[PDB]
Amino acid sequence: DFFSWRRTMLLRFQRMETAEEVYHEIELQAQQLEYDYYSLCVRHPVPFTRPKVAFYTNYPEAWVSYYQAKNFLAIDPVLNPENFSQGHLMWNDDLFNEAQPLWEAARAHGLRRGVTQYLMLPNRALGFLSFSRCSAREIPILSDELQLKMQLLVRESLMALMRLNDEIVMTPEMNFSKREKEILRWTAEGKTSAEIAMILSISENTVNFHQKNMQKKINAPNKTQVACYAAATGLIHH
């Protein structure tokens, strides 16, 4: 009877044409599980020093504004894979021992209990789904059925959002030609422009143009950043 839930959810997400349908479905499923608020967050693998983070939530506008103002993304333990197990995490008082200011601000805004699930996407982006409620001592649930239900919800929603090329999950656009990616693969092996020229039987002049043309559309200083970003997102071995 649970397996039929999995199958319907699988049928639902595969037939979605809109992002609003994805976020709405998450809203419903969260509510079926006695949770009021959902939040879907994605941390991209690049840039390496300040990884891009996009999110979408039905949290109260006041809490979102407060959260961003205090820069809580940078210290939220819910977004730290270390604190997870089997990609699952139940919110508790101890988890926020390092970030109490977050916890108190969240409680002051009406977030008593919550839970988070996470996975890694094909572009190596880290997706986080969080559910939260304002009510204590209600709890629905088996955890096992909870872990497994949420496990599916992160996957199929974010994968759906990728089919639709949504801005929240799609990495900074890097539409390269098959020629450009060949040069990237060899650059990533530590080949010089001269060696890549001989290997591909083209002039070093043509190699450097391609090299510069990729740096153009990404706005990057050298061939080193372009290659590492490509390696980091899996554009090379997808």
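Residue numbers count along the first chain shown, from 1. Superpose the two forms; the largest set of C-alphas matching within 1.5 Å is the rigid core. First, how it differs from the form deposited in another entry.
After superposing the rigid core, the C-alpha of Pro140 moves by 2 Å or more between the two forms. After superposing the rigid core, the Cα of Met214 is displaced by 2 Å or more between the two forms.
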Second form
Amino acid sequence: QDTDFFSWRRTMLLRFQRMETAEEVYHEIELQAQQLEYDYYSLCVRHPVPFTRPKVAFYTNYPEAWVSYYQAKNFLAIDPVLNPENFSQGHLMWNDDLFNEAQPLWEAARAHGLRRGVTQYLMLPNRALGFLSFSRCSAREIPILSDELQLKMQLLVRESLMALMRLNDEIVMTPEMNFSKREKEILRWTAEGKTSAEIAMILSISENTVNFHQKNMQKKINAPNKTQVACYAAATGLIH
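What about the form deposited in another entry, after the form deposited in one PDB entry?
So it's only the chain below, everything else dropped.
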């Protein structure tokens, strides 16, 4: 069983690498969640921007009654399952003590039929945090162990979100920034604190064009000034 995991990995990588539809990824998440005796799955992504109220997108086969309930009560703001501080090796076991500061969410979950669950998370190249949760409606498997699950989940989180990025799904995709290589170079220098006057000296071009590219750079994102553009670029790693 040490070997059939390694091959499982290789099929999985190949499956996910060559998937051409978003609905195929979620399909595979669902297939695997079932093979592992979980009824419900949930794939959640926290974006790095906007800095003040960053967007959160999700996809789940949860009972819609609970989804509607979950949103209505604003449970996202207090769900420990979406807090990386609570994880270990990117893994998290649901238990009663975990919901010590969010009692309303936990019993409400019990009431809707979510008794046991597990969550895996990782960070993506666009700096967005992705969270995959599994849940079942039978009391079971409290002490998991279960190292193969963690590893199975480790992979299922990564490649699905990796597949979804290749497919430009907005659940995972950050704001589009197709900049000329020259335009991006000026940004690296803007983030270093250089004035258009100062940037002009080093790159040997007119200050008229520096100011021109900046506004053109701001066009394709529609930001007020050079500061927001640099920060969005830096927050996503486009500039490094």
